[PDB]
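The residues making up each chain are set out below.
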Amino acid sequence: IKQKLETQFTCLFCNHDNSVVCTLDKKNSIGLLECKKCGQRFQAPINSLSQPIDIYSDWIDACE
Amino acid sequence: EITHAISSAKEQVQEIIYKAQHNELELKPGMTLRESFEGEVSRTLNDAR
Amino acid sequence: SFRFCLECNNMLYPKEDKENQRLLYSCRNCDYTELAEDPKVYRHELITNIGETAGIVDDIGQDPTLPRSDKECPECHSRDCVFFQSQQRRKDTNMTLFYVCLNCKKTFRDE
Amino acid sequence: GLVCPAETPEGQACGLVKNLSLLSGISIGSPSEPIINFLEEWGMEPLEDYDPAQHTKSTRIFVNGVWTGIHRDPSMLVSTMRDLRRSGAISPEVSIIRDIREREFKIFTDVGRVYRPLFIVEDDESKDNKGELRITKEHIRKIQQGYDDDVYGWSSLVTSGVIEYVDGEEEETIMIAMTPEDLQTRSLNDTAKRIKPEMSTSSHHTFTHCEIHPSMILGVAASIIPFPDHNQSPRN
Amino acid sequence: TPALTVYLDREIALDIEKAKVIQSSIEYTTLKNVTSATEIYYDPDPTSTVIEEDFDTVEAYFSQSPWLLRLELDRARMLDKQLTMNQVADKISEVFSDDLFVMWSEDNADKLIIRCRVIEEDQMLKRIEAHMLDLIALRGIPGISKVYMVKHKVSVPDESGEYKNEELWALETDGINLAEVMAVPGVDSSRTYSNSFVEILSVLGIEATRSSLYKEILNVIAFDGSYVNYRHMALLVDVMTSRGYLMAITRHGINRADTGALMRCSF
Amino acid sequence: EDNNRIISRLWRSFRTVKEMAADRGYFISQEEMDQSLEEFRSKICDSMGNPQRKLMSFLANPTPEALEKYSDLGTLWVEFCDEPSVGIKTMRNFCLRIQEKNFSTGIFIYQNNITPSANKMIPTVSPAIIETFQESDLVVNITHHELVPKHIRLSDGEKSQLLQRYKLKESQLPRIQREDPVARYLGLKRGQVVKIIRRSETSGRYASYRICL
Amino acid sequence: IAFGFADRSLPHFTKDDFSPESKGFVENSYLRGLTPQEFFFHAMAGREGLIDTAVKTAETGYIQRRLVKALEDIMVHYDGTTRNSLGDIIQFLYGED
Amino acid sequence: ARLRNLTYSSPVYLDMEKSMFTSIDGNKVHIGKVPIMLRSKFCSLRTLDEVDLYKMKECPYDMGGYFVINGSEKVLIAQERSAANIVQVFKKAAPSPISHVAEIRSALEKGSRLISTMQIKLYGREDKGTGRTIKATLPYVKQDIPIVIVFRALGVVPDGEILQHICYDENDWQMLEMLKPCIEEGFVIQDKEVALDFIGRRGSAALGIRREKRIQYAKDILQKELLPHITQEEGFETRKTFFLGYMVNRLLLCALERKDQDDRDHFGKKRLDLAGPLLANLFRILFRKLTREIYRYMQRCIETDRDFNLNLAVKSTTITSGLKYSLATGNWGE
DNA sequence: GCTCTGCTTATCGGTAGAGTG
DNA sequence: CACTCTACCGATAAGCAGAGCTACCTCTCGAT
RNA sequence: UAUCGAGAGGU
Ligand SMILES: Nc1ncnc2c1ncn2[C@@H]1O[C@H](COP(=O)(O)CP(=O)(O)OP(=O)(O)O)[C@@H](O)[C@H]1O
Ligand SMILES: [Zn+2]
Ligand SMILES: [Zn+2]
Ligand SMILES: [Zn+2]
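Protein chains in written order, with our numbering: chain A, -3 to 60; chain V, 4 to 52; chain C, 50 to 160; chain X, 29 to 264; chain D, 5 to 271; chain L, 2 to 214; chain P, 76 to 172; chain G, 468 to 801.
What the hints contain is simulated information worked out from the structure, not anything from laboratory work.
Warning: the hint list may mix true and false statements.
What the hints assert, rightly or not - Below, computed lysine to any residue pairings styled on SDA-like, alpha-carbon distance capped at 20 Å:
1. G:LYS726 - X:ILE125
2. L:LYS70 - L:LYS160
3. G:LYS647 - A:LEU20
4. D:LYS219 - L:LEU68
5. X:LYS134 - G:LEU575
6. V:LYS31 - D:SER28
7. X:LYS165 - X:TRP182
8. X:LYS46 - P:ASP154
9. X:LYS85 - C:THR156
10. X:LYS134 - G:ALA550
11. P:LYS98 - G:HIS733
12. G:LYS736 - G:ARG548
13. V:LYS13 - X:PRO225
14. G:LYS726 - C:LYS89
15. C:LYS140 - G:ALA560
16. P:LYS98 - X:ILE125
17. V:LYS31 - D:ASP178
18. G:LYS782 - G:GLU801
19. A:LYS(-2) - A:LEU20
20. D:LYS95 - L:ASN5
21. C:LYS89 - D:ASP126
22. L:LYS168 - P:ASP154
23. D:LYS115 - C:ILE96
24. X:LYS85 - C:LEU151
25. D:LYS219 - L:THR203
Full structure from sequences and hints, please.
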């Protein structure tokens, strides 16, 4: 079953903190970051061990 | 008499050690071999005293 | 007994060759596969005896804390050995003794 | 032999507060670098040079809890290390522990180890000395004189291989006779004196050490009791 | 130390052979209790076998999945529990019906062996093996780990009316299952007793709990030869049962009363 | 074989229900009470030997003595359900039967469970009373145990006599839970009192009273 | 006496020694006097008694307090009943007699 | 000191040196007094001999070993602790998903002081616990990290090398069967870099450090802090990796019922802290407090750009009062 | 620093009923 | 009239935190 | 004729 989790991460674009939601679909190995404020979305591959800090880390490197 | 009776009780404990170490000791229901061994040794030594 | 891939060093997992009906040991990080010498894939011992004799070293006769016996060795027929009960630390372990001859270093029993 | 079996408070502190036995000592601490140098000088191989396939029979060597090497002939290594301590080349408070079953050789120069002295018994079957105390009336003579025949006191015995210190860990690997008389078998039936254990489980005993006197297991307070061996233990 | 005192019907209590029959039927035996080792082979031909030991077994027997589950039963434990190879395989069949082909060797064989096949499947056999050892019950009442054969000296009046002793067989258990053991044919269902008065309350009710509570306390006091007058222990067990449920002698029982707050806060 | 223990346990549960009904004050014929296991199998099982629970249901009325003592004792309907799991569908037809024929109390023996949703159809059917029992729990009649003394329900008049003798409020009597095995056996309702005559090692005999929660 | 050293009770015994003397049998009487091994083993059993007395005294002291608080308000009344402070009947007659 | 309720203590002086790097792009200062143990080598009574002992009103039967603090004779009680730098394996209670734990407290050799503590836990109960894997505990990391992952983060990545560090018997199929879940739970981590990053992403620190340094932060938690008694210099992870395998080996020997769990009460696994170690642990704490007071004084006295006279930035009361307080009350700390 | 019980949170079905072909 | 597809209340553990830990008595010592 | 703690003790 999918996991819809709220986090305390800051969006890299709109800078609103505590407004990034992480949807981890392990059945298809696809993780999804969403911003509850400005509405952006970032997708990245996840394994079985990953957690909201794993894809949020991949989002920091995808920008820089 | 006291010293003889204690000496013979020490011998019975030798026999019990022999049986338990040669797999010739009766196991009491609900008890492992080593529990049964310690139980027999204890009864022998308390009866000696 | 499970083996390792000769090109990746990761461990091989058992996988069937469905078409030829034979057991293989295939890797999982690369394409290596090899033929199984042993049909057995898994064993589970409930009543176990592994670790019974355990550390029998060339210097076991130098441990002065071990008791010594007169029992005749089956191999060389020497009258001098050390003994010890099973090194299996289970609660149901037997009390039967293992003897180690100080001459030929054979491990025998009183059976 | 390390803490008193009798002197401990009654009540809430009972068994938690203890008292040093009469012959106890505490390790002050010793540098490990001389120990490393002796181990590499006498055949220890590094861990970067190590493969379990190649070393399937060798002994692992620990110095103050760090795995530092492997040695293929541990029997000679420990005898060498022990003899360096019995002369003074290694500080007498260092612990030298051979675990033969587990193929491990552990050395401790840690501070705070509780140790006690014992008489050394000759254990090498290459001399008539074997099986007997290394200490002789000559040592006792020089002790009473105070000097050697070209100060001679307690530490002179420790650095001449007749007495050494053992801690709780090394005590695990030795065989101790209770009195000098127990070093040799006998021919009694005196109904007044106390019965000595038979010790008939091992055919021949190989004593490595002998107690100096068994009353030294007591501490200061219990040492005041006359005949404590004739009392119910709580009275002591 | 949970324990049941299982009195037996008179005809069984004076015949040691019949009492042993009740004993072996009550004691819980799982499949794990009799299994010495389990194995998983790749034996691709269902009608033959790579196992040289089971060669003559499967060849003659025949006159599904390629993975084989081979489990070996320990002869000593099979003898103690009084179980035959047939009934052990039967119980396996009942839980796996037609999803598993079961093949068992004879009790005369050198090794006691049971072969199993399913009707990617390497892991499905490990899951089945875990489920078998962890859930298959061969006989007995769950929760009754051991059953002991105990002789009772019970005083009963003569035909003359004089009290004389009489030896009778009863059983005692490690573990409890008062409800299920009461139902077992042979057991005197009007006398079965448990040393868990909590269980007595659920099966027999509060007045029986009152008596059982007193019995268990008395046993503690009387053991070191002591004697306390009945009325003191009677008063305590009436307090523990007056509410209709068991009131523990703790704040969780005592302070659940409608007593004043000043009284309750002083505890 | 193993099929015989199913029939036997069901026959024993059946004997207990009749025993329960008799003790509660209803009339059960001395021929149905003493019914052997063989007679039970002949009448209840098929040709294949499997038993038909719907054939075991029966109806009983209070004896004249019980009706004189307890004027709240009506007609009792006992039914064994052939469906192991009793769902909302099964319970509704049972509750309808009870109201339509205006039974005073209905005893519903189930096999494995009663769903909590169907279990709520139980208090929606007053002034008729529905009581449930797991068929297992009745294989042995617990009131036959040495440790369970004879519980006898007090009449409304007898209860009042008790309260005045001790000048008692109801909340000052010892209690018995509604779910107590012996309270369920007697079908005790909140406010009713049992009298319990009991062995005593100091006086020989002692009468204990409990009121039902 | 347990094998608190590796496979032995004291460094004065060989390993795997289950004899009376190895595991705490004190053969001598107090008149004759105990051996050093017996002395220590006797002191082990003796310590356990001092520990028990110091520990279990608070175990039973708390038990008695809870018993007293459970029962403190229970009195025999002039009607013969045994009741608490709520007037609940605990026994209809004290001790049933 | 006894008569007048004084403290018998020695002044301690420390040379201090100032230096001022500047790039456009002192002497015997007194730090406190240490109470002297009577009849020790630093006591004014060690010489004298019975004649002058009597003149100093000292009794020749008094053997010392105690201090005089405000006139009161204080003795230090040896403090019993568990040995450092040794691996002990213990069993865990039934209502826990963990069944066996290996533990080691790491302590340096110089000074001898504690640093950190580390655990390796074997999960999965008896027929309960599903996947029966093994995780480690690292200092300054919030979560348990599977063993295989930390082995790879140290430079040993292929399964076969990791298992060669743990199991020393290719025949031991029981132990190898017990290591199965650890391999599969660390399958997706197939190289050093993604291993080091898997660690760094839980070890507190800041949020948002990119892979380029959150790795370099985990590389620090492995070089130092992790088993620091082994080494703290770089490029010696071969010593630490072999030790980690030893711990796992010891953990499994006990879980396979081939070896008893360690006895926490075995006196050979215990140490007694006497006056030296007890004073050193307290002196370390108090000297750091003095250090922070020196740093805090330079930031006020250097904003004036006036050469500070040093002796005005060392209040010897910090060490003097700290030692006095603990010896006088028995409270061993600040 | 250790045992217990009760109370406050997730998981488990379990039905039990409209939407469905 | 046979299907799912989700809104229910069971019954689970399930994790947790805290509450409690014999009675009375003596004396010295340090900090506020 | 203080308060808060700590430690050592008595039955
Ligand atoms: N720590 C404690 N707590 C409570 N009561 C205690 C106690 N220590 C002692 N007592 C009281 O003092 C009694 C102890 O008496 P002692 O003089 O200590 C032993 P005894 O059993 O009377 O004699 P013995 O010396 O002949 O064995 C206890 O039973 C109790 O009454
Ligand atoms: Zn955003
Ligand atoms: Zn590969
Ligand atoms: Zn030989």
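Here is how each hint holds up against the structure:
no.: 1; hint: G:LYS726 - X:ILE125; verdict: 19 Å, holds
no.: 2; hint: L:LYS70 - L:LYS160; verdict: 12 Å, holds
no.: 3; hint: G:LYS647 - A:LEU20; verdict: 27 Å, violated
no.: 4; hint: D:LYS219 - L:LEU68; verdict: 39 Å, violated
no.: 5; hint: X:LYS134 - G:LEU575; verdict: 17 Å, holds
no.: 6; hint: V:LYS31 - D:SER28; verdict: 17 Å, holds
no.: 7; hint: X:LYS165 - X:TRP182; verdict: 15 Å, holds
no.: 8; hint: X:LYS46 - P:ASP154; verdict: 61 Å, violated
no.: 9; hint: X:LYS85 - C:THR156; verdict: 18 Å, holds
no.: 10; hint: X:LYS134 - G:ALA550; verdict: 14 Å, holds
no.: 11; hint: P:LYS98 - G:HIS733; verdict: 18 Å, holds
no.: 12; hint: G:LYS736 - G:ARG548; verdict: 9 Å, holds
no.: 13; hint: V:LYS13 - X:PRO225; verdict: 11 Å, holds
no.: 14; hint: G:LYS726 - C:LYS89; verdict: 28 Å, violated
no.: 15; hint: C:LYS140 - G:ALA560; verdict: 18 Å, holds
no.: 16; hint: P:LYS98 - X:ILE125; verdict: 25 Å, violated
no.: 17; hint: V:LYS31 - D:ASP178; verdict: 15 Å, holds
no.: 18; hint: G:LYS782 - G:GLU801; verdict: 16 Å, holds
no.: 19; hint: A:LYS(-2) - A:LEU20; verdict: 6 Å, holds
no.: 20; hint: D:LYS95 - L:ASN5; verdict: 18 Å, holds
no.: 21; hint: C:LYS89 - D:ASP126; verdict: 12 Å, holds
no.: 22; hint: L:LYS168 - P:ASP154; verdict: 10 Å, holds
no.: 23; hint: D:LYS115 - C:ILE96; verdict: 14 Å, holds
no.: 24; hint: X:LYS85 - C:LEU151; verdict: 19 Å, holds
no.: 25; hint: D:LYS219 - L:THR203; verdict: 15 Å, holds
Consistency with the previously given hints fails for numbers 3, 4, 8, 14, 16, ordered from lowest to highest.
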